[PDB]
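A single chain, nothing else alongside it, follows as structure tokens in the form deposited in one PDB entry.
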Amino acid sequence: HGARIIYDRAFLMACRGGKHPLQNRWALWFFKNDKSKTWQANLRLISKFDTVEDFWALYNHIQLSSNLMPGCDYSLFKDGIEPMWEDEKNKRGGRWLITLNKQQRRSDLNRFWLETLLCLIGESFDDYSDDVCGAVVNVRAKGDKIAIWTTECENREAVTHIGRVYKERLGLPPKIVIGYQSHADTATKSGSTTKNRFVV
């Protein structure tokens, strides 16, 4: 009653086959592989949903048909946010980034992507869930990337809480440290690496 709709992992999994509404409407995006065109130009909206059951029907459909889709990059964002760092809701933000080197494609990509999506749709970060914009998976030859995008890179308490809960939900050992990068820093190419604003 003014209260946030929060779902844990077990509940979301028990809904996998009256619909259960989500706090937010979400949009799944894909980028086509056409290198004669810009990323903006290759952006496609796949579908929008705001129920747990519509989430699973979409996830199940993509998971079976993705080997046949022309490209390698998916994004899940809150309704009204484009998965581009120049969006008003992204320009001051950044991302918690998980890098998965080669072996971890076979073993970890599918499980890490799903656990990410469940954190988003289930509002797993308490009031700091409002700082979340979306998540992005980049499927590459050299190694995959999964990231949660947030709206304000100077909100250290929101960003650090998101980071801590995300790492815990991924099951990562405290030994494997994850970094938060400002989109403004990621945009500038200064060598092989981009500065971390925060680490957990």
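Numbering follows the first chain given and starts at 1. What we label the rigid core is the largest C-alpha set whose atoms superpose within 1.5 Å from one form to the other. First, how it differs from the form deposited in another entry.
- Residue 41: CA moves 2 Å or more between the two forms after rigid-core fitting.
- After superposing the rigid core, the Cα of residue 171 is displaced by less than 2 Å between the two forms.
- Fitting the two forms on the rigid core leaves the C-alpha of residue 68 displaced by at least 2 angstroms between the two forms.
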Given for the second form:
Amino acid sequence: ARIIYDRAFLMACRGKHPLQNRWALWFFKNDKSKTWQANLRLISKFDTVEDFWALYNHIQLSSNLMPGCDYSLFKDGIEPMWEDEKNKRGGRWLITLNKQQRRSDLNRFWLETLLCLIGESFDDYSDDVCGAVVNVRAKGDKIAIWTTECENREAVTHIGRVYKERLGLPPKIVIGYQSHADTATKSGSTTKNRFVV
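How about the form deposited in another entry, since we already have the form deposited in one PDB entry?
Left out here are the partners and the other molecules; the chain alone remains.
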């Protein structure tokens, strides 16, 4: 049966409990002097609650929020690039933060996102999750959960609705899901949402 942990349980393990999946933490800086492949660093992998927290504390203590960086947590064997076989037919639920929310909501929202991933918070639809990405940017931070198949409406919408609930966002505040094939095309200031919740 699926290994599922709620928020209370994961927090109680913080200072081994196996995860349903093994996960890989990646770092990317968009340094145009280097190829995208050189810019992409695997930091670490883990598959227990306790090893997640040890890595979290180490990255949080030893940390940077340099704009232009990205951190990504993805299931083992999935590259954090939309061209991966497990991402190319998929998309993302995107949370856009305003500049003030860098100080108030970024750390909390990112952590809540990470807990939804490792705790398998979306029931059978947790299998559709590929990973999550935070883009640290001067103009506004972005957090997203990447899923494998943009045509799996039931899976995608369940993920969005639960994610929204776990973030504690007001029902007024709507989140969009965008297919990666649409995000990849620059067609103006906005990318169309395939779904909203």
